[PDB]
Amino acid sequence: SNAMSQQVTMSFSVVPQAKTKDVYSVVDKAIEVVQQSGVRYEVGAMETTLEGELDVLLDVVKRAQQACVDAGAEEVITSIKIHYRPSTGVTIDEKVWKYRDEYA
Amino acid sequence: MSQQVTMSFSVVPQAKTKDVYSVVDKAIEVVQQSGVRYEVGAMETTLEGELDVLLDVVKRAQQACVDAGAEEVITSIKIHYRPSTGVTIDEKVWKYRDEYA
Amino acid sequence: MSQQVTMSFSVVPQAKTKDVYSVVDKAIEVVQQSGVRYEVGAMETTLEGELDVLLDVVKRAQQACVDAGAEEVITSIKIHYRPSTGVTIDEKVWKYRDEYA
Amino acid sequence: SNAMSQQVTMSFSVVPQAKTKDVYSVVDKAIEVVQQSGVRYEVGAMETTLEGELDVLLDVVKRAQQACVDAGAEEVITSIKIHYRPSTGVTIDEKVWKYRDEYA
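First to last, the protein sequences are chains A, B, C and D.
Take the position in the first sequence, starting the count at 1, then add 247; the result is the number in the working numbering.
Take the position in the second sequence, starting the count at 1, then add 406; the result is the number in the working numbering.
Take the position in the third sequence, starting the count at 1, then add 406; the result is the number in the working numbering.
Take the position in the fourth sequence, starting the count at 1, then add 247; the result is the number in the working numbering.
Hints were generated in silico from the structure; no laboratory data involved.
There could be a bad hint or two in this list.
Claimed, not checked - Straight line, CA to CA, 30 angstroms or less: simulated DSBU-like cross-link-like pairs of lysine-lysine:
no., chain 1, residue 1, chain 2, residue 2
1, B, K465, A, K342
2, D, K309, A, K266
3, D, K342, B, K432
4, C, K498, A, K268
5, B, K424, D, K309
6, A, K309, C, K424
7, B, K465, A, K345
8, D, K309, C, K422
9, B, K422, A, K345
10, B, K498, A, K268
11, C, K424, D, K268
12, B, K465, A, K276
13, B, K498, C, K432
14, A, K309, D, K342
15, A, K266, B, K432
16, A, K266, B, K422
Stated by the list, open to error - Far from chain B by the CB rule (all over 10 angstroms, computed), these chain D residues:
no., residue
17, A318
18, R332
19, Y350
Think of the CB as a built atom: it goes at the ideal place given N, C-alpha and C, for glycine as much as any other residue.
Model the full structure from these sequences, guided by the hints.
See below:
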């Protein structure tokens, strides 16, 4: 894809195995990748939601799982869910607006 | 052995006679009516509470899709289980949301 | 309203004192001992049978991880529900495996 | 990654919405992408397992979900799980051998 492509919405999580680090310490480096990426996101208890260009988002996830390894994880189980609607795109707001009090 | 868990789930219905958002709305209604703490996300809905109670919520959400007209449903679930202390939404997200300042 | 479903699940344990493969082995043992048709895959294990029976299998597999030494477990589940006819493993895979010739 | 990188094992599924096609017809085009890719795979009832290079496998998944759209899907929900162990790699056989009668 490129910056013109219609948006996707995605969620992902990383579950690391680390011999000498606490899980939360390793996960914090994965979330840092998300925080530093520039894309709209929201961290949830089980999954982090992303919105933006497909290839940009997949690269965020790849770098997030690598951040876990760089932080001391020997391995990572990474889960991804993608809502793909390339014709007109899909957004966080269209999926959650009915269900959150912050929306009018 | 705490049965307090955090769980996320989603339902992806097939419904020939319905727009999928309307079907999913009835699944979300089960969650809304349950009494448990929850948050609807773009890809999955997060729940907090007793394992068995939450599993029943998900089962009924799946059934609600069929009752709303779905021919079939693909239901995804993820559970964080930690019986030593239980697991909560706030423990997992406090570092990562502005609302926790 | 057939409750015959196909389900996949996985358990990803944290266990400071154990190699994770050994912990997961005890979860797979619950599946092996259940009596339901199953197949272990690299990323998830597939089950076929009654919805409630299968959910109980997964719950006990998750518990087996803790009993084997896991401090916590992330359990993933996916259910294909189609009460008009039920859903089976063979209906989903027959086109795609050589063993079905 | 490149062809030298240690292997990953991955599973994925596509759940399409198609206004004028049966789900199985659309999914068959996604599995065709897997079949035509050259990588080791196994189709399961809920997920298809892949083994090989990370970027090659992610490209297979991207093309699989696009095949659904080309086949008439208006949108697709795509799920991915990755076992990432870049040091020494991870294989299908190491995870399933104890649990299948075909292994000695």
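Tested hints:
no., hint, result
1, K465(B) - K342(A), "holds, 21 angstroms"
2, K309(D) - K266(A), "violated, 33 angstroms"
3, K342(D) - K432(B), "violated, 39 angstroms"
4, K498(C) - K268(A), "violated, 41 angstroms"
5, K424(B) - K309(D), "holds, 28 angstroms"
6, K309(A) - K424(C), "holds, 28 angstroms"
7, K465(B) - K345(A), "holds, 22 angstroms"
8, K309(D) - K422(C), "violated, 36 angstroms"
9, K422(B) - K345(A), "holds, 23 angstroms"
10, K498(B) - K268(A), "holds, 17 angstroms"
11, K424(C) - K268(D), "violated, 49 angstroms"
12, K465(B) - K276(A), "violated, 35 angstroms"
13, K498(B) - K432(C), "holds, 27 angstroms"
14, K309(A) - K342(D), "holds, 22 angstroms"
15, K266(A) - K432(B), "violated, 44 angstroms"
16, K266(A) - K422(B), "violated, 50 angstroms"
17, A318, "holds, 15 angstroms"
18, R332, "holds, 21 angstroms"
19, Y350, "holds, 29 angstroms"
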